Amino acid sequence: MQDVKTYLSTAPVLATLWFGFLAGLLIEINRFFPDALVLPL
Amino acid sequence: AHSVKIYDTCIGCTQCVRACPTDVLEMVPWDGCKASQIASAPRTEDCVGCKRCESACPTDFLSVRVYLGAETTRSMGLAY
Amino acid sequence: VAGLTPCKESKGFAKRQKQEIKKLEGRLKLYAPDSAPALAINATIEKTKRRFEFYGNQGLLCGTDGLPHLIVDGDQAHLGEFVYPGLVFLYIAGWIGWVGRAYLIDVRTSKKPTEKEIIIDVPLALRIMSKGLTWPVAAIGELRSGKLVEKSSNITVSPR
Amino acid sequence: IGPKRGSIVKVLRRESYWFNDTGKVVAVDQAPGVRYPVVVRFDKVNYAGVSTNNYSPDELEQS
Amino acid sequence: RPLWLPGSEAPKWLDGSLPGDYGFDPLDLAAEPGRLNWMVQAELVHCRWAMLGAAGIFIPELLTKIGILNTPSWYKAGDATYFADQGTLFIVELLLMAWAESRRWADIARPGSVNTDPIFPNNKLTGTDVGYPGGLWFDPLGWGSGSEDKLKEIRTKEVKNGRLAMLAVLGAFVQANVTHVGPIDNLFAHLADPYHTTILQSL
Amino acid sequence: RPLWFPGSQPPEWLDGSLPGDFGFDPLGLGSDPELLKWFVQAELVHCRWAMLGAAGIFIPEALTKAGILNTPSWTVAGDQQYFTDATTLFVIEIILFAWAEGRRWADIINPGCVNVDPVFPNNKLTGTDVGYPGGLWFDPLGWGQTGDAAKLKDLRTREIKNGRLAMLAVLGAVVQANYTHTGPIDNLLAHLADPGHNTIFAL
Ligand code: CLA
Ligand SMILES: CC1=C[C@H](O)CC(C)(C)[C@H]1/C=C/C(C)=C/C=C/C(C)=C/C=C/C=C(C)/C=C/C=C(C)/C=C/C1=C(C)C[C@H](O)CC1(C)C
Ligand code: SF4
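Chains as they are written, first to last, in the entry's author numbering: chain J, 1 to 41; chain C, 2 to 81; chain F, 79 to 238; chain E, 66 to 128; chain 4, 65 to 267; chain 2, 65 to 267.
Rather than coming from a laboratory, the hints here were simulated on the basis of the structure.
Watch out, some of these pointers could steer you wrong.
[As the list claims (entries may be wrong)] Simulated crosslink set (BS3-like; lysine-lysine; CA at most 30 Å straight-line):
{"hint": "1", "chain 1": "4", "residue 1": "214", "chain 2": "4", "residue 2": "76"}
{"hint": "2", "chain 1": "F", "residue 1": "194", "chain 2": "E", "residue 2": "75"}
{"hint": "3", "chain 1": "F", "residue 1": "190", "chain 2": "E", "residue 2": "109"}
{"hint": "4", "chain 1": "4", "residue 1": "76", "chain 2": "2", "residue 2": "188"}
{"hint": "5", "chain 1": "E", "residue 1": "89", "chain 2": "F", "residue 2": "93"}
{"hint": "6", "chain 1": "F", "residue 1": "225", "chain 2": "4", "residue 2": "140"}
{"hint": "7", "chain 1": "E", "residue 1": "89", "chain 2": "F", "residue 2": "125"}
{"hint": "8", "chain 1": "E", "residue 1": "69", "chain 2": "C", "residue 2": "52"}
{"hint": "9", "chain 1": "F", "residue 1": "86", "chain 2": "4", "residue 2": "224"}
{"hint": "10", "chain 1": "F", "residue 1": "209", "chain 2": "4", "residue 2": "221"}
{"hint": "11", "chain 1": "F", "residue 1": "209", "chain 2": "4", "residue 2": "224"}
{"hint": "12", "chain 1": "J", "residue 1": "5", "chain 2": "E", "residue 2": "109"}
{"hint": "13", "chain 1": "F", "residue 1": "96", "chain 2": "F", "residue 2": "127"}
{"hint": "14", "chain 1": "E", "residue 1": "109", "chain 2": "F", "residue 2": "127"}
{"hint": "15", "chain 1": "F", "residue 1": "189", "chain 2": "4", "residue 2": "76"}
{"hint": "16", "chain 1": "F", "residue 1": "125", "chain 2": "E", "residue 2": "69"}
{"hint": "17", "chain 1": "F", "residue 1": "125", "chain 2": "F", "residue 2": "107"}
{"hint": "18", "chain 1": "J", "residue 1": "5", "chain 2": "F", "residue 2": "229"}
{"hint": "19", "chain 1": "F", "residue 1": "107", "chain 2": "E", "residue 2": "69"}
{"hint": "20", "chain 1": "F", "residue 1": "225", "chain 2": "E", "residue 2": "109"}
{"hint": "21", "chain 1": "E", "residue 1": "89", "chain 2": "E", "residue 2": "69"}
{"hint": "22", "chain 1": "J", "residue 1": "5", "chain 2": "F", "residue 2": "125"}
{"hint": "23", "chain 1": "F", "residue 1": "89", "chain 2": "F", "residue 2": "125"}
{"hint": "24", "chain 1": "E", "residue 1": "75", "chain 2": "F", "residue 2": "127"}
{"hint": "25", "chain 1": "2", "residue 1": "215", "chain 2": "2", "residue 2": "188"}
{"hint": "26", "chain 1": "F", "residue 1": "127", "chain 2": "F", "residue 2": "189"}
{"hint": "27", "chain 1": "F", "residue 1": "194", "chain 2": "4", "residue 2": "76"}
{"hint": "28", "chain 1": "2", "residue 1": "225", "chain 2": "2", "residue 2": "188"}
{"hint": "29", "chain 1": "4", "residue 1": "221", "chain 2": "F", "residue 2": "229"}
{"hint": "30", "chain 1": "F", "residue 1": "96", "chain 2": "E", "residue 2": "75"}
{"hint": "31", "chain 1": "E", "residue 1": "89", "chain 2": "F", "residue 2": "189"}
{"hint": "32", "chain 1": "2", "residue 1": "101", "chain 2": "2", "residue 2": "217"}
{"hint": "33", "chain 1": "2", "residue 1": "101", "chain 2": "F", "residue 2": "194"}
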């Protein structure tokens, strides 16, 4: 974890973990709030 | 043919001569560096123009500089 | 506005709702009514009917094509088409731009500044990703204090 | 000659990659006749990949 | 001193002199030199406008619930007619806000400069600290002077009552947006069924 | 020193100083000393929540089978209707555990800082180790504060090993409900009748 977490903090893994979370969030926004063309707020 | 010019920023690192594939460059004595030598191009008519010397020059910006001018059968690299 | 009828009273927008369910109802005719693929088309129809009842209730403008058009001029009726989600976007996009700028300042004053960009320091990153919440007050604050911009005497400029 | 060894200088040479960039002086040659005696080391490489270059004292100022 | 978070180091800019200092700058919005002078003046108008805001949002609505004023709700008070036009009262306010805030703007920029009267210069404000304009027009009872330990307590009481009013007024705003009921009735609907009148039930 | 794998050499990071240390680290995730103190703190609240979990899964369902109580099964206990809705039961609990675990978050980061009661400063916790807070609210009998360290380590070892049996049990109750669709007390009595056949391979 002095070097395992260093590998986990690298540029491709952190891009995979962020965009996995980012596309995971935007899909789950698009399930409970789908077809969103106009922001009502 | 091609005009190879050496400027006073040269440190005499000799690697422009070592990268030369047609024996254009040679190291002459000089008083402007720690190595006390600068490059020169006496056989610049034999220059193909490949700029291997410019790729091997560590000085920023380059001390050896090759200007592609009139091209003859020396600087075209032909065998026919 | 701009020759566009509202979508709640548009006959072309109601025609597209009619011909979309009818396309999905004819897809439902070749399945059993309690089958698993028929539940997906039944959920598709309720997703379609939720969509058309949402577009008409937001004051969207529908043209002669029966399609909702966005007015991006800054109309008081049409704020949620461009102005409201644009300010929502620029806050999020400025959040990305402020925590990436503040990370580079935090790693430029380090021992090996290039190893902190291939290997992103997550305790250093996550302590300023929270700090990107209040970024218009920190970007114009750095603009007014002169820390946002660099003077041109310390900027690498290609020669003329 | 030179400003100082181990000092921070800014390059005034137009054709260098490190123009208006902070550099650290590592060696100044005190031999007469040398055109570019001050050896400045930079934290960033150029396109050739090197960070060591020789400049005259007229092309540097202390910053 | 007590802090906003136990076990957390206080920031170097918030040193504990300022009344109401609990080391609460997690996002570093007052780090810069010369910036914390602007953010106290910003806190002081916002806290005093919110205590003016909370006395006009909750107190006339509470007395409407008792029924001794019959004042309309604050979010429908812009639709109410008066002796003046509602659009006209905006610009007459910001001509009077152009005077009152620009006199306040010069006090933050150049302290000790605009304490004198523009017309009759014998009338001078007795306030010494920035943001505390002591004088006959603003502090006629003379409660803003005394010992520094005594003055820090009453300046701590402005902002602790002021930060509550800011949270209050920000609460009434969102309550009137998603529930469309005035906030004294939101309190009285929370003392009847507290577990069924919650922000998740009101969405 | 008892060890999980008696031929194996124990790891360097597991020196036996921790309670319940048997050298079990084949993946070596506790190699970092800073991450080991976090994982011991993670294992403590995992142990005590599972023992509190096992007393709400296996204790009242044994009383449900014996007819002592008419409580529902643990899988369908959240589906039941209460006086507070289960969506807004969470945000009451989340608010109440932002003070319970958020103040516990400071003790892991900064030891000896949240041991003083903020409302009344005279009240304090009689605890010196991270993860064992002590005081009247958490150790009212004083058994966890002993002068001798060998008995104190064994009692903390007794706490861990009672915990990790329940973390097998609550995980065991989860997979039994997913596989058998039956309460784990009823899975025990089905297994106590014919243990040769009534197993995971009974399908
Ligand atoms: C505290 C630990 C514990 C205990 C005592 C039980 C007990 C029981 N389980 Mg089991 N189980 C456990 C955890 C536990 N399990 C775990 C962690 C899992 C997830 C893999 C499951 C998943 C599981 C399934 C899916 C099923 C059972 C079933 C059963 C019963 C039949 C035995 C069998 O087939 O075992 C199967 C055992 C396993 C799959 C895992 C082995 C259990 C642990 C990890 C090993 C032993 C630990 C420890 C030494 C036990 C001490 C016992 C001591 C108190 C006497 C029996 C009553 C079956 C049933 O309902 O019977 C009718 C059933 O179908 N178990
Ligand atoms: C250490 C190690 C070493 C190296 O590292 C490697 C490895 C292998 C990785 C390792 C190991 C690991 C493991 C074994 C793990 C596991 C864990 C678990 C299972 C946990 C649980 C844990 C668990 C837990 C907490 C639990 C909890 C519980 C709860 C809350 C419950 C609750 C409840 C109740 C009461 C009843 C009701 O009616 C319902 C409910 C509501 C449901
Ligand atoms: S490679 Fe460049 S610096 Fe080296 S001797 Fe040749 S011209 Fe001079």
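A quick look at each hint next to the structure:
1. A distance of roughly 25 Å separates the Cα atoms of residue 214 (chain 4) and residue 76 (chain 4); the hinted pair therefore holds under the 30 Å criterion.
2. Distance restraint check for residue 194 (chain F) and residue 75 (chain E): the Cα-Cα separation of roughly 26 Å lies within the 30 Å cut-off, and the hinted pair is therefore satisfied.
3. The suggested pairing of residue 190 (chain F) with residue 109 (chain E) holds, with an alpha-carbon distance near 11 Å, which does not exceed 30 Å.
4. Straight-line distance between C-alpha atoms of residue 76 (chain 4) and residue 188 (chain 2) comes to about 29 Å, which keeps the hinted pair within the 30 Å bound.
5. The suggested pairing of residue 89 (chain E) with residue 93 (chain F) is violated, with an alpha-carbon distance near 73 Å, which exceeds 30 Å.
6. Restraint check for residue 225 (chain F) and residue 140 (chain 4): the C-alpha separation of about 44 Å exceeds 30 Å, so the hint is violated.
7. As the CA atoms of residue 89 (chain E) and residue 125 (chain F) are separated by approximately 65 Å, the hinted pair breaks the 30 Å bound.
8. For the hint pairing residue 69 (chain E) with residue 52 (chain C), the CA-to-CA distance comes to about 36 Å; that exceeds 30 Å, so the pair is violated.
9. A threshold of 30 Å between alpha carbons decides the hint, and for residue 86 (chain F) with residue 224 (chain 4) the separation of about 50 Å lies outside it, so the pair is violated.
10. With a C-alpha separation of about 29 Å, the suggested pair residue 209 (chain F) and residue 221 (chain 4) falls inside the 30 Å cut-off, and the hint holds.
11. The hinted pair formed by residue 209 (chain F) and residue 224 (chain 4) meets the criterion: a straight-line CA distance of about 25 Å does not exceed 30 Å.
12. Between residue 5 (chain J) and residue 109 (chain E) the alpha-carbon distance is near 27 Å, which keeps this suggested pair within the 30 Å criterion.
13. The hinted pair formed by residue 96 (chain F) and residue 127 (chain F) meets the criterion: a straight-line CA distance of about 10 Å does not exceed 30 Å.
14. At roughly 59 Å between alpha-carbon atoms, residue 109 (chain E) and residue 127 (chain F) are farther apart than 30 Å, so this suggested pair is violated.
15. For the hint linking residue 189 (chain F) to residue 76 (chain 4), the alpha-carbon distance of about 24 Å falls within 30 Å, and the restraint holds.
16. In summary, the hint linking residue 125 (chain F) to residue 69 (chain E) is not supported, as the alpha carbons are separated by about 74 Å, beyond the 30 Å threshold.
17. For the suggested pair residue 125 (chain F) and residue 107 (chain F), the alpha carbons sit about 19 Å apart, so the restraint of at most 30 Å is met.
18. Note on residue 5 (chain J) and residue 229 (chain F): the hinted pairing is violated, with a Cα-Cα distance of about 38 Å set against a maximum of 30 Å.
19. The straight-line distance between the Cα atoms of residue 107 (chain F) and residue 69 (chain E) is roughly 88 Å, outside the 30 Å bound, and the hint therefore fails.
20. For the suggested pair residue 225 (chain F) and residue 109 (chain E), the alpha carbons sit about 23 Å apart, so the restraint of at most 30 Å is met.
21. Between residue 89 (chain E) and residue 69 (chain E) the alpha-carbon distance is near 10 Å, which keeps this suggested pair within the 30 Å criterion.
22. Taking the CA atoms of residue 5 (chain J) and residue 125 (chain F), the gap is about 43 Å. The hint is violated against a cut of 30 Å.
23. Distance check on the hinted pair: residue 89 (chain F) and residue 125 (chain F) sit about 21 Å apart at the alpha-carbon level, within 30 Å; holds.
24. In summary, the hint linking residue 75 (chain E) to residue 127 (chain F) is not supported, as the alpha carbons are separated by about 67 Å, beyond the 30 Å threshold.
25. Between the alpha carbons of residue 215 (chain 2) and residue 188 (chain 2) the distance comes to roughly 24 Å, so the proposed pair stays at or under 30 Å and holds.
26. This hinted pair does not check out: residue 127 (chain F) and residue 189 (chain F) have alpha carbons roughly 59 Å apart, beyond 30 Å.
27. The hinted pair formed by residue 194 (chain F) and residue 76 (chain 4) meets the criterion: a straight-line CA distance of about 26 Å does not exceed 30 Å.
28. Straight-line distance between C-alpha atoms of residue 225 (chain 2) and residue 188 (chain 2) comes to about 29 Å, which keeps the hinted pair within the 30 Å bound.
29. Of the pairs offered as hints, the one joining residue 221 (chain 4) and residue 229 (chain F) is violated, with about 44 Å between alpha carbons and a cut-off of 30 Å exceeded.
30. For the proposed pair residue 96 (chain F) and residue 75 (chain E), the alpha carbon gap of about 72 Å is over 30 Å, so the pair is violated.
31. Restraint check for residue 89 (chain E) and residue 189 (chain F): satisfied, since their Cα atoms lie roughly 15 Å apart, inside the 30 Å limit.
32. Of the supplied pair hints, the one linking residue 101 (chain 2) and residue 217 (chain 2) holds, its CA atoms being roughly 17 Å apart against a limit of 30 Å.
33. Proposed proximity of residue 101 (chain 2) and residue 194 (chain F) is supported: the alpha carbons are some 26 Å apart, at most 30 Å.
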